[PDB]
Amino acid sequence: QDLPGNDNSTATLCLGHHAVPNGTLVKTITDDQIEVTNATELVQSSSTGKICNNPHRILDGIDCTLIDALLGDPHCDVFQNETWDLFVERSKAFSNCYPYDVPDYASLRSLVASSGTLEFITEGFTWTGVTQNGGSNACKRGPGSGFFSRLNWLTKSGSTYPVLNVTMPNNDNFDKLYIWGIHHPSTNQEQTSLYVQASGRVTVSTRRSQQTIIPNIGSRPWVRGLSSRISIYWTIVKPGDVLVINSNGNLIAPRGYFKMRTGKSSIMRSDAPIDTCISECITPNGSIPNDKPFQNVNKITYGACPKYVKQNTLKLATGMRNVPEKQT
Amino acid sequence: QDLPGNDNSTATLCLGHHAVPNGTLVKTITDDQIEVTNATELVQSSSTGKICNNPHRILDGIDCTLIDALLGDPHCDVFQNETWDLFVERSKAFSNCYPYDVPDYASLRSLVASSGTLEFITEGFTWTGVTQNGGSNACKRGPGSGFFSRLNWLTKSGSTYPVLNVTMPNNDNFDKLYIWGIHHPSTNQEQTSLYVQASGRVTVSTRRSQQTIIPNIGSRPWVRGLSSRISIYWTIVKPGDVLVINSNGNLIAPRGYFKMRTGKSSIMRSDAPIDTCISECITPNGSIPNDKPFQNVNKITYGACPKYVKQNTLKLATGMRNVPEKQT
Amino acid sequence: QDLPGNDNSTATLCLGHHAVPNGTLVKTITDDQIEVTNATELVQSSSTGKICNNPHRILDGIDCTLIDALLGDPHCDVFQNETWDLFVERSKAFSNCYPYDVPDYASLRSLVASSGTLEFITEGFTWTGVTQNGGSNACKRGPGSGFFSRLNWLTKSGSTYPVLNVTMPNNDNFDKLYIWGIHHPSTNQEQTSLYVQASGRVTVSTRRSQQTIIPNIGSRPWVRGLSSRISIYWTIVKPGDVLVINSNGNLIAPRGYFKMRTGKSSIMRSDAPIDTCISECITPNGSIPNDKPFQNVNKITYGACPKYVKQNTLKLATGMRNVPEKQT
Amino acid sequence: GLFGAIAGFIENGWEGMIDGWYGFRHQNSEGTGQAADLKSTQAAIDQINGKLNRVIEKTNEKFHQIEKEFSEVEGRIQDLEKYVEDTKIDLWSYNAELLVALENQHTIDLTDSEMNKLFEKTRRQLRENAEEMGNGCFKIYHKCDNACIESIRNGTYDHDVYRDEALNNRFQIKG
Amino acid sequence: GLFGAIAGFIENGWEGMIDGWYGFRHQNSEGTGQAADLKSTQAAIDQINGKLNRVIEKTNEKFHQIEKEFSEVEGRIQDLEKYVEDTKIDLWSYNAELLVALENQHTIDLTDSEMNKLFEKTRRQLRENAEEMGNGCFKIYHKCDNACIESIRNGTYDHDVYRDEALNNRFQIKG
Amino acid sequence: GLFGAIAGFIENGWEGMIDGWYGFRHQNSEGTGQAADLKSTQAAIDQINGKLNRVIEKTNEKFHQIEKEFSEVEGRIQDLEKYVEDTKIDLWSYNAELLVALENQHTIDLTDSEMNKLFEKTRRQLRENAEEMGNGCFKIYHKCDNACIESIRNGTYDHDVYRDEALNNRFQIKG
Ligand SMILES: *[C@@H]1O[C@H](CO)[C@@H](O[C@@H]2O[C@H](CO)[C@@H](O[C@@H]3O[C@H](CO)[C@@H](O)[C@H](O)[C@@H]3O)[C@H](O)[C@H]2NC(C)=O)[C@H](O)[C@H]1NC(C)=O
Ligand SMILES: *[C@@H]1O[C@H](CO)[C@@H](O[C@@H]2O[C@H](CO)[C@@H](O[C@@H]3O[C@H](CO)[C@@H](O)[C@H](O)[C@@H]3O)[C@H](O)[C@H]2NC(C)=O)[C@H](O)[C@H]1NC(C)=O
Ligand SMILES: *[C@@H]1O[C@H](CO)[C@@H](O[C@@H]2O[C@H](CO)[C@@H](O[C@@H]3O[C@H](CO)[C@@H](O)[C@H](O)[C@@H]3O)[C@H](O)[C@H]2NC(C)=O)[C@H](O)[C@H]1NC(C)=O
Ligand SMILES: CO[C@]1(C(=O)O)C[C@H](O)[C@@H](NC(C)=O)[C@H]([C@H](O)[C@H](O)CO)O1
Ligand SMILES: CO[C@]1(C(=O)O)C[C@H](O)[C@@H](NC(C)=O)[C@H]([C@H](O)[C@H](O)CO)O1
Ligand SMILES: CO[C@]1(C(=O)O)C[C@H](O)[C@@H](NC(C)=O)[C@H]([C@H](O)[C@H](O)CO)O1
Ligand SMILES: CO[C@]1(C(=O)O)C[C@H](O)[C@@H](NC(C)=O)[C@H]([C@H](O)[C@H](O)CO)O1
Ligand SMILES: CO[C@]1(C(=O)O)C[C@H](O)[C@@H](NC(C)=O)[C@H]([C@H](O)[C@H](O)CO)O1
Ligand SMILES: CO[C@]1(C(=O)O)C[C@H](O)[C@@H](NC(C)=O)[C@H]([C@H](O)[C@H](O)CO)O1
Ligand SMILES: *[C@@H]1O[C@H](CO)[C@@H](O)[C@H](O)[C@H]1NC(C)=O
Ligand SMILES: *[C@@H]1O[C@H](CO)[C@@H](O)[C@H](O)[C@H]1NC(C)=O
Ligand SMILES: *[C@@H]1O[C@H](CO)[C@@H](O)[C@H](O)[C@H]1NC(C)=O
Ligand SMILES: *[C@@H]1O[C@H](CO)[C@@H](O)[C@H](O)[C@H]1NC(C)=O
Ligand SMILES: *[C@@H]1O[C@H](CO)[C@@H](O)[C@H](O)[C@H]1NC(C)=O
Ligand SMILES: *[C@@H]1O[C@H](CO)[C@@H](O)[C@H](O)[C@H]1NC(C)=O
Ligand SMILES: *[C@@H]1O[C@H](CO)[C@@H](O)[C@H](O)[C@H]1NC(C)=O
Ligand SMILES: *[C@@H]1O[C@H](CO)[C@@H](O)[C@H](O)[C@H]1NC(C)=O
Ligand SMILES: *[C@@H]1O[C@H](CO)[C@@H](O)[C@H](O)[C@H]1NC(C)=O
Ligand SMILES: *[C@@H]1O[C@H](CO)[C@@H](O)[C@H](O)[C@H]1NC(C)=O
Ligand SMILES: *[C@@H]1O[C@H](CO)[C@@H](O)[C@H](O)[C@H]1NC(C)=O
Ligand SMILES: *[C@@H]1O[C@H](CO)[C@@H](O)[C@H](O)[C@H]1NC(C)=O
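Chains as they are written, first to last, in our numbering: chain A, 168 to 495; chain B, 168 to 495; chain C, 168 to 495; chain D, 44 to 218; chain E, 44 to 218; chain F, 44 to 218.
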């Protein structure tokens with residue numbers, strides 16, 4: 168074939184792989200620190216500190232909780248008919264109207280918070296034989312006395328409080344949320360002065376349900392000059408059903424209905440600053456990037472967020488084992 | 168050996184593996200579509216559309232909810248003492264007797280639904296001084312007025328409704344569920360006509376517990392000619408304990424006890440047809456085969472069922488990688 | 168080069184691995200019984216049968232439930248101001264004082280159980296116009312009549328029970344838990360004999376909340392000679408808030424406050440013997456060693472315990488496959 | 044996959060092989076022939092069935108559970124009912140998705156392994172009489188008729204019988 | 044397992060080897076002997092301990108939790124309490140069962156790997172002086188006394204020292 | 044790892060190789076040289092990206108959930124709310140921790156595999172012309188200039204061209 172290759176020598180070929188001077192330690196099935204060429208972090212552990220105002224509709228509650236925005240505390244009149252994807256409540260919020268309590272505050276806050284709208288429709292209730300629009304100096308609206316914008320305090324007319332028995336049909340094709348309440352007097356004297364009967368009673372019903380609440384007289388702690396209280400209740404009325412309000416004293420009546428919807432709204436307690444940026448994931452600590460699969464910033468989240476994990480770092484190896492050639 | 172074994176030929180032997188013209192794509196740790204020879208589906212995604220009536224005992228509620236079957240709506244008298252592994256409630260069910268409400272409907276439905284029996288024992292309660300067996304035209308039993316078969320409406324006798332104070336010992340070795348209730352009149356007039364006292368009261372107690380409910384007068388929405396309502400309550404009496412019913416007006420009294428048991432019974436809302444076949448897993452969409460480990464038919468299941476998963480397909484490779492030799 | 172000199176021969180070197188005569192079967196991805204050289208158990212399935220009294224502070228309730236220790240049943244006076252990491256309640260515990268019921272027994276037991284202290288501070292409430300320290304023969308303290316050590320039964324003085332309206336400020340920097348209650352008479356006669364008014368009323372409030380409970384007259388089952396009952400309620404008062412107790416009859420008044428704390432305390436129902444040993448994990452079946460990662464002893468645990476698993480054995484292979492010389 | 048035989052040094056599969064998963068094609072004195080290897084075919088099949096059977100192991104049964112569909116709005120307790128179920132479903136869904144990923148990845152490396160094991164096993168048996176052409180075929184340096192090819196296949200080939208013929212053919216030549 | 048040495052080309056284990064997990068048996072003109080290989084024994088042992096220690100890593104501690112045993116029938120809230128716990132237990136049970144499956148499968152392939160690595164390492168060291176008999180034994184084609192066998196075992200064998208002796212014995216013969 | 048090439052028979056990596064993950068260093072008649080192998084570098088990189096992309100697959104989105112922070116003490120319902128979340132967090136934390144362990148273990152065996160595959164591939168191609176020095180280097184028994192080293196690297200080396208030269212150099216010698 169070929170002729171005399173006078174020289175017959177050899178060659179050496181060595182296969183091998185890279186190594187890096189630096190390198191990163193990662194956990195394994197068999198080791199918990201083994202050094203690889205490179206790795207990537209899968210736990211997001213820092214927030215920007217600011218709630219980005221985009222893409223969800225953030226409504227800053229300023230110094231209103233959602234329930235005071237709902238009831239219509241004078242200072243919260245700014246939120247009438249407002250809407251949100253996320254309502255942010257602030258630690259600085261305060262109520263500043265008639266002292267009230269809400270038996271299941273936690274469910275009414277939830278229920279409005281995910282409906283996502285404070286859209287109110289006033290309805291033509293006719294209260295015959297009682298004085299409408301009562302107010303208090305603890306709920307100052309402007310210079311004068313006032314009360315919650317969405318409720319109507321009824322007191323006697325002259326020398327009588329009749330048995331009110333009114334009805335409002337749900338003729339539309341959506342559910343109607345009605346907020347109403349009852350006034351708890353401090354003294355039996357107060358009771359008879361305002362509502363004549365020495366024992367009031369409120370019964371609010373639909374074809375499906377009924378609540379009867381009787382007021383409770385007694386002194387509570389002075390709050391804004393008052394020892395009386397009003398407790399708030401709610402009734403959802405389905406399409407085709409009918410609300411019947413029947414009372415004989417102490418009724419704080421509804422002025423109409425909030426309309427309910429179904430969506431992705433929720434509420435979040437946070438003093439983080441809202442800022443202009445687009446971020447999908449919101450944490451009470453501020454928005455965080457959802458590029459990584461897990462996060463350790465907060466177990467409270469809203470939006471497309473990484474799954475909260477107790478670990479603050481988890482490195483995924485993206486390279487071979489680092490076996491360098493120098494000493495250390 | 169031989170002698171000069173001269174036949175200098177060679178042979179070629181090639182090892183290899185099969186391949187299929189078709190092939191199936193499956194997900195991997197490193198790829199999400201890699202083609203293998205064959206795979207098998209692990210998500211059950213279709214129902215037969217029919218609830219098989221075997222092996223569990225399906226009781227079709229027809230147009231009765233379980234609570235109306237329990238209380239004894241005339242139209243549901245069919246279910247007296249009935250039993251089930253799964254009670255199916257239908258969207259068409261309707262109540263057709265005295266308008267009632269059950270304060271924790273959801274727990275009473277649960278509690279009866281897993282007891283699995285409507286077995287009722289009538290007990291010898293003696294109501295002295297009141298008229299028994301009241302009925303209403305809204306609960307027509309046959310041509311006449313009627314009421315729930317398992318409850319006993321007591322009204323005045325002549326000019327008096329005494330303080331009823333009766334007792335029933337649990338002397339047997341099982342728990343006794345008692346269903347009782349109270350009648351809420353529409354008018355104070357109605358109250359006094361029926362129960363004489365202007366304010367009734369029902370107190371039902373055991374050595375361990377007590378409930379006192381006072382009725383609530385007022386008009387509710389006209390339902391079957393009525394604005395009155397009755398609310399239903401329940402008391403479980405343990406072996407060795409004792410029931411004491413004490414009332415002074417408005418009591419809808421128990422006629423005895425339902426007996427309680429412990430088993431695998433539950434209830435399911437479904438308009439699926441019951442059919443004759445044997446299937447272990449029931450979904451409101453109908454039975455599904457539990458051969459696969461996961462299912463995407465419905466998160467509501469009863470019986471031996473695959474685990475509900477959001478995925479509708481997950482293919483498990485059952486063959487090597489498909490590397491075709493052309494593809495035909 | 169190297170010069171053989173004379174010998175001409177070969178050698179045989181065989182590589183191989185150990186095998187053991189015995190061997191253990193373990194589960195795999197592809198097999199569910201494959202035999203390996205050795206394995207280790209990961210499910211802890213046995214208890215010692217005794218609750219070790221170290222390192223947590225076990226308080227044996229002997230024949231007191233935590234609520235009776237809290238209220239001050241005479242027989243439980245042993246526990247006054249006691250503290251615990253784990254309160255153990257025994258099946259033999261019994262109450263032996265005035266028949267009472269607690270509307271949300273389950274939350275009050277929880278709330279005290281994790282506070283972990285029965286530390287009580289007596290406060291200077293002044294009840295003017297009523298007789299203090301009422302007791303009953305059903306709560307014998309020594310030879311005489313008695314009542315719960317931490318509550319104060321008020322009855323009329325002479326011919327009057329005034330409207331009590333007292334207040335106690337939370338001026339300290341911790342929350343105060345107040346336990347109070349109401350007495351439910353058997354007869355209207357009993358009501359007027361003790362509290363003069365034919366209808367009592369208790370309203371306990373803070374700036375944040377209010378409860379008004381009205382008593383309920385009627386006979387309950389004879390328990391320790393009595394058909395009356397008292398129901399227990401609780402009010403936590405935050406630093407800076409104020410308690411106002413206002414009543415007009417039937418009040419069982421607080422003698423001061425329990426102080427609340429936050430820690431690792433909890434309660435456990437167990438008849439296991441407490442013994443002297445150190446064990447971190449406690450199960451109602453007795454302590455168990457937390458060396459293994461999973462346990463099948465009980466789903467109820469307290470302390471550093473393995474995760475409860477339905478499996479009772481899971482063997483982790485710690486050796487190669489066993490391929491023996493003869494058999495197995 | 045990990046061993047680099049399938050879709051590796053063995054360029055592609057044989058759609059023609061219908062009688063088994065792994066096997067031999069040969070070209071010899073009497074012509075060309077194909078034949079499935081049933082031992083490795085059974086080895087791969089048994090592991091994939093074992094794996095399969097563990098995954099079809101017992102649907103556990105559940106009876107009365109919690110409500111998962113509601114028609115009225117209730118708030119706190121209903122939000123928790125819904126939240127318990129939704130986090131249960133996402134956890135089981137994560138489980139199903141990771142289970143088939145691990146499983147499938149392993150089935151590809153396992154079947155790759157078996158291919159490579161049959162190759163190694165045949166290599167070892169031919170000893171000094173064949174050379175690897177590097178594409179999964181051996182060049183046998185001696186006359187090997189159909190009975191010879193059948194002894195390599197059924198594992199009874201005696202290399203010694205052909206060692207001098209092979210070593211001559213293979214090396215000596217002219218270098 | 045994946046490498047096919049254990050319960051593979053190495054027919055079976057040696058119950059007699061009590062001094063290590065992997066090792067050698069030889070028969071030369073001086074005698075026969077056995078000896079464990081401690082490097083691969085330690086390699087397999089260290090990985091299995093590493094694996095073991097990660098699994099015995101911290102039982103987390105929990106204090107006040109929810110009630111999990113009830114004596115009265117309550118309905119809605121008690122059904123949820125029971126359903127939270129039962130779905131927690133099934134999820135942790137699934138986790139324990141999958142964890143030991145993956146783990147065990149890996150421990151068998153890992154120990155198989157080490158067997159095969161010791162084999163490869165010895166193969167490479169003997170260079171042109173030995174042939175693989177295909178059952179995990181090499182045939183050394185030169186006189187190798189007990190010190191020679193010790194040098195293969197302790198990794199200091201110089202193949203060059205015996206290469207001409209071996210190549211002669213191995214090839215030349217008569218073909 | 045499982046194949047024993049990386050941190051195995053290949054003693055250590057080359058910090059100097061900046062142009063790829065795997066490669067060749069050679070010394071021939073024309074001098075010394077280094078060069079990355081881009082096919083296996085891309086093979087390892089593509090699998091690690093595939094793996095990476097599956098793990099960064101969709102954060103699911105959740106909107107109204109349950110409260111997870113409370114300021115007053117409530118007892119039964121609040122204990123359950125807290126217990127639902129704490130068991131959810133431990134289950135997701137277990138998942139994250141096991142996922143990176145399995146993943147990382149696999150990435151090390153995978154990159155070990157690719158190293159070994161490139162080695163095997165080069166072995167097969169050199170046929171009877173080179174011997175394995177056992178440290179990942181082959182000794183080529185014939186004159187192989189830079190173009191020759193380039194043909195082994197780009198996979199076009201024809202062993203036949205040098206087989207007699209090599210077989211002579213390799214065996215004959217004097218034994
Ligand atoms: C029932 O008892 C409570 C507690 O003792 C009484 O409440 C206290 O009533 C006084 C007089 O109205 C309140 O005085 C007010 O103090 C504020 C400063 O905080 C001052 O600005 C007002 O002008 C007034 O002086 C006091 O705050 C209030 N304390 C509490 C804790 O509520 C209540 O008056 C008693 N009711 C009856 C009918 O006896
Ligand atoms: C309190 O106010 C409510 C609401 O206005 C009154 O309810 C209504 O009462 C009338 C007269 O009984 C009911 O009329 C009947 O309706 C049925 C169906 O249309 C019809 O068949 C009868 O011929 C009659 O018209 C009406 O349905 C009912 N509406 C509602 C929503 O309940 C109630 O009577 C008032 N009560 C008192 C004591 O003032
Ligand atoms: C309302 O009805 C209940 C049930 O009939 C009456 O309860 C029972 O009352 C009697 C008389 O006080 C109790 O008797 C006592 O029992 C103890 C234990 O055996 C014994 O030492 C006494 O000598 C006497 O026999 C009986 O236990 C009690 N039973 C129950 C179940 O509570 C109640 O008295 C009635 N109340 C009125 C005002 O009519
Ligand atoms: C203290 O004086 C006031 C107040 O609140 O300013 C005056 C106010 O006009 C009056 N409003 C009505 C409708 O009567 C209100 C109630 O009497 C009191 O709130 C009952 O609790 O009391
Ligand atoms: C409207 O007439 C009826 C009715 O329902 O048919 C007549 C019926 O005999 C009567 N039953 C009794 C026991 O009194 C009932 C009640 O008075 C009414 O339901 C109170 O709500 O009213
Ligand atoms: C039955 O006699 C007693 C008792 O219990 O021993 C006498 C006891 O001194 C008396 N205590 C007071 C403060 O009045 C108590 C109540 O009247 C009764 O418990 C009301 O339920 O009744
Ligand atoms: C009475 O109100 C409720 C209840 O049980 O609390 C409300 C609940 O949202 C609704 N759920 C669904 C899916 O419709 C349910 C059924 O109507 C009822 O259980 C049929 O038995 O009724
Ligand atoms: C008062 O009723 C209850 C409660 O706590 O609500 C009912 C509950 O089913 C029961 N649980 C068990 C396991 O027995 C419990 C204990 O008896 C009590 O907590 C002992 O402290 O009592
Ligand atoms: C009214 O009491 C509660 C409630 O909602 O039931 C108690 C609850 O512990 C508290 N939670 C926190 C984190 O503060 C909450 C907020 O104050 C309120 O929701 C603000 O809207 O208030
Ligand atoms: C480390 O890995 C990440 C993810 O694969 C990649 O973006 C990064 O560039 C890698 N680092 C280097 C130096 O290649
Ligand atoms: C709120 O919206 C309703 C519906 O359009 C409207 O009629 C009402 O007047 C609005 N009120 C305010 C204050 O915006
Ligand atoms: C996020 O917020 C919580 C509560 O406000 C805090 O404890 C936590 O440490 C914060 N973490 C980060 C990364 O901001
Ligand atoms: C595909 O896999 C399933 C499960 O192993 C099996 O039943 C089916 O027969 C396989 N298909 C073929 C063509 O072998
Ligand atoms: C229901 O079963 C009980 C117990 O045997 C029986 O006494 C009762 O009469 C039965 N009633 C009906 C309607 O079946
Ligand atoms: C099952 O039923 C639910 C609700 O009825 C429906 O949304 C779902 O799509 C159905 N799925 C199948 C496979 O029938
Ligand atoms: C079996 O494994 C366990 C855990 O590795 C170990 O403690 C035990 O000693 C092993 N058994 C033997 C005989 O080595
Ligand atoms: C309980 O502790 C408080 C606080 O030191 C003390 O004042 C009180 O007297 C103690 N009572 C008993 C019975 O130990
Ligand atoms: C632990 O206790 C429970 C309930 O007391 C019992 O059913 C269980 O079998 C016991 N298990 C052990 C290992 O003691
Ligand atoms: C192997 O093949 C040869 C030729 O067909 C035959 O003689 C021999 O007996 C076969 N052995 C087995 C075990 O099939
Ligand atoms: C290897 O074995 C030979 C013969 O026993 C001995 O001379 C040599 O020093 C040994 N080397 C080591 C490192 O043990
Ligand atoms: C391989 O290398 C040789 C020498 O550089 C060259 O002639 C040949 O064309 C190369 N082939 C490829 C595909 O690069």
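Hints in this document: simulated from the structure, not taken from any laboratory. Some hints could be false.
Subject to a maximum C-alpha distance of 20 Å in a straight line, what follows is the list of computed EDC-like cross-link-like pairs (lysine to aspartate or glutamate) [stated by the list, open to error]: (1) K125(D) <-> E115(F); (2) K164(D) <-> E175(E); (3) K477(A) <-> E104(E); (4) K125(F) <-> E163(E); (5) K466(B) <-> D129(E); (6) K466(C) <-> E128(F).
Now for the hints, and whether the structure bears them out:
{"no.": "1", "hint": "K125(D) <-> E115(F)", "verdict": "violated (24 Å)"}
{"no.": "2", "hint": "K164(D) <-> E175(E)", "verdict": "holds (11 Å)"}
{"no.": "3", "hint": "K477(A) <-> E104(E)", "verdict": "holds (14 Å)"}
{"no.": "4", "hint": "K125(F) <-> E163(E)", "verdict": "violated (56 Å)"}
{"no.": "5", "hint": "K466(B) <-> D129(E)", "verdict": "holds (16 Å)"}
{"no.": "6", "hint": "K466(C) <-> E128(F)", "verdict": "holds (18 Å)"}
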